[PDB]
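Quick heads-up: it's one chain on its own, the form deposited in one PDB entry, in structure tokens.
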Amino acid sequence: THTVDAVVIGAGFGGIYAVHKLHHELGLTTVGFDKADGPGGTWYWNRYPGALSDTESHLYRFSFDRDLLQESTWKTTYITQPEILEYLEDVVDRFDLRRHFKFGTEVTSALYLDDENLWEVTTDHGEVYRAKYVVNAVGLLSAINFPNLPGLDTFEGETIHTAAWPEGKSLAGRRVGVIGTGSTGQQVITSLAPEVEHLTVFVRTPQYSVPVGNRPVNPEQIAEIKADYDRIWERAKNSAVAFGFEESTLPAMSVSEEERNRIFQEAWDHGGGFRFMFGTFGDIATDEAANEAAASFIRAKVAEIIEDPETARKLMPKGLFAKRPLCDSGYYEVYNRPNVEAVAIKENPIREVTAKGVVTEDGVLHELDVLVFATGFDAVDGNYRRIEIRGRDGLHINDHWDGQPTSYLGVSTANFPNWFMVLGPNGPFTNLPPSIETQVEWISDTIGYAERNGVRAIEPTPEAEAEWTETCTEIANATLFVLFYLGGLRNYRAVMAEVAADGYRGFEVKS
């Protein structure tokens, strides 16, 4: 029914910028879609208390508009969900993007029509769009992982998942249980502890966590940032992780024990997860001894913060210090509160939930009014895998990604022509907005090139896609241990630009 140049799926950072680029810069008629009733993406969905960025406020945003960077403000060194949502809502209205989005609208299929070199895209309300290009900015919020504890139906109190937090809902003065201690669960717990009648935490795997050091800013302090913003973004885009600190090249074991502690202590006092992992020493992710030095420093902090050694034993992180580091606003301190109990479910599993609360295998009823699930989601490619997406010859995305999801360059995959991914598989591990910008700017250039020239279809070769996996795999082999590209933002940007400069190396082009 509707003939458009381009379709964008999602209205988070990625979809917002994709619609801007395609509409404003390339002059294409572009429609965006989100199941959400408004823009924001993950910042629209996740409204739990204590929801906070792990990227400093001044860097958790777009950098493409130099005037916008002068204009935005923020209250603290890290940024909260309502502030981010407001920022993204403001971007949408600043660039008049709203009239291009269809909200409350799920894309249920995207089928390639081989004969016409078009994508046929349908919504859950039956609307059909024919488009030359599809840009998928669908994020990771797939189906909500909402675990199957026996007797859950019987609970007479409120059951809440953090990705569907009730707007009014304050749990002040209530008896609350939280299941899950990832970034989200830690954040909810710290938020809840001081206001809740009682808090019971069901801990399965304690994680490494460092202080975030979220502090109020002055208007003079924002003024300093803003006067140097160009240099700041120049540095970020020339770094590996783009978080606003100088990345260390210092081997942890090349200095004395006393200096190593001082270095760790400084980062601990300053705050920041990536700063702790990458700002202290150059080999925490690559050297077993370096990782142990970091890991055991955090363990010692846990033991020092938590008074009761039985409580401390349950919360004690173990093993390698890896993946996205967690940071917190006083998470370990919380367990020193008289009205907070930790339950280590590996050794004392949940037997059932009843009307009144949770019974553990010890046979003790933990009486609760409220049960919070901070249990995350199931999958990461989940959002691709639940849409009927069909490429060339009717090849389904699930048949194509028979094993793990793959991409060429993080943005495209073979047999799916003119179909792009923002933050697809095998892409950078990074402060995300500047990587998102990198990918959308590259997607847009590639679509510009296709439109300028005669291009009917562009897709990666199977061999390019395989060499990219091999490339990612060889970077990942160096590290300690989903497959990301781990060469960093600066390296990723050079790779993307060179692919473009080399006449789209690794793409099959139908002229």
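Definition used throughout: the rigid core is the maximal C-alpha set that superposes within 1.5 Å between two forms. Numbering follows the first chain given and starts at 1. What changes on going to the form deposited in another entry:
- Residue shifts between these two forms, rigid core superposed: of 130, 169, 98, 262, the only C-alpha displaced by 2 Å or more belongs to 169.
- Relative to the superposed core, residue 111 undergoes a Cα shift smaller than 2 Å between these two forms.
- The rigid-core alignment places the CA of residue 390 less than 2 Å apart between these two forms.
- Core-superposed comparison between these two forms: the C-alpha position of residue 400 differs by less than 2 Å.
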Contents of the next structure:
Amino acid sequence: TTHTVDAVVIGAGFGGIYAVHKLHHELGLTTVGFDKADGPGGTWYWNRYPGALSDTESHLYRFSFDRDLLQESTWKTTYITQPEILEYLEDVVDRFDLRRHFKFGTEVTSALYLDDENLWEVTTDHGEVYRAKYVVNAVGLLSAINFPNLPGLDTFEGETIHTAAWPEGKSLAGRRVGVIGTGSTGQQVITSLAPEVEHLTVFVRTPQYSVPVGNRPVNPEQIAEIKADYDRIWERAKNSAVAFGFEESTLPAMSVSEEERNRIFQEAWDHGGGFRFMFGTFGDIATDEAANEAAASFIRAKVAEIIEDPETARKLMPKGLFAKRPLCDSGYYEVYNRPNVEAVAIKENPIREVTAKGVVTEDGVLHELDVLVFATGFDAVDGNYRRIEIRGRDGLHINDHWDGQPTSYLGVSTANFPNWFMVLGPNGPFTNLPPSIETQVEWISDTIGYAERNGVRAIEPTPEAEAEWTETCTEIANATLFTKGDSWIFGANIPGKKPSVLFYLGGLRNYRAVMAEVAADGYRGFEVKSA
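Since the structure above is the form deposited in one PDB entry, I would like to see how the form deposited in another entry looks, so please show that one next.
Just this one chain is shown here; partners and other molecules are left out.
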């Protein structure tokens, strides 16, 4: 009653979808994919919150591997909403006959290596067991929900929603709603909620820096232009650092005139785009403290220009390093001018407890709500690995293997875990993610086909190669400001999670070259157990 398969894929987002296509169609392997989700989509299945939008531009937030698909797909606007991405991924699944290969509504709860037979034994929450030669983990770097336990929470008589588990069709129009969190998710859901809702209470702990998204309609002339030049657009993207489709600046910020610097930021501001403001503006906003301060200072002044009430402005003024994930919005600061929206500064004025009726802050004020929305983010990157029973050689648990910081070789493998691969695992690229996912999935499929064609029973990186990769990512990370940014990117967002590097910050171009060259070099750093 245990099922023998060549490959197990975990996840039905961009990663899993593509892994199943590659392993089944190109490699000719029996392949089973799993997701707890009732359908494919990953991020775009789960994040049904109002205002959910990509901030990779429409034409870049998709697969590139199928040139005809690129000519076929269409979009409304310069950025693309959750339902449109969801519809795009569903179509990819239909397009390549992938749906039959997935088990939806099914969580993998265990994956144990069997040393004697060189197989993985995988168990689901339903009690089915699979034996597989390969495991591809496409489990998401931003899917393990972080849901802080506030005092008194289970006392709340109203509805509780995490944004990354928003129920389909759930509308909060006409309700009294509080939001916890003002990262990329909070800004989007706040902006969307405010006109529809009776009252919106925002519990803001750290106000953030955000530029306009500049999400504009696209006419058939506009999509045409893009599509006719799609080959060159993708080559530029795959030859850049972050692949968002603007040219990345090398120009130091303090090298230029005080006025042009202002004009450059202003033209970036009016154009829109979060990554463009940080990197298509000057080449050292992320690397030079004065350059970063100039950027930060520019945004701060817009905030003081937007928010009318001096007190509300003070509470929402972003402070400190402009060194979290770059943000952009469709009118976020504007909403705090609306009479129905209330800002609560929870650093000055902490939450005392949640009650039946709402949230009491330490000033002793009850904030009456009947819905609480958690835009509190994720245990990022490693989170979904640590929540599962995964054991490699000699029963070594993932959590004992990664007893300190989580590690990889090349973002895609780890020692003592043979034939077990990761898509967007620890210490991989920090970019517009689809083309990074494509790079990793393609590389994993090539190494699996290699192993199949040769006599290979097990392939895993050496401890030395992994540690050298840790050192390479650490060196690169020290050269940027993200590390002093105090956010999820360096695992600083959950008390109890140890902070560390979690990304290779070299960019897509340098990453692709590393990946190409390790393969061209006979999988340098891997040990290969033959038949």
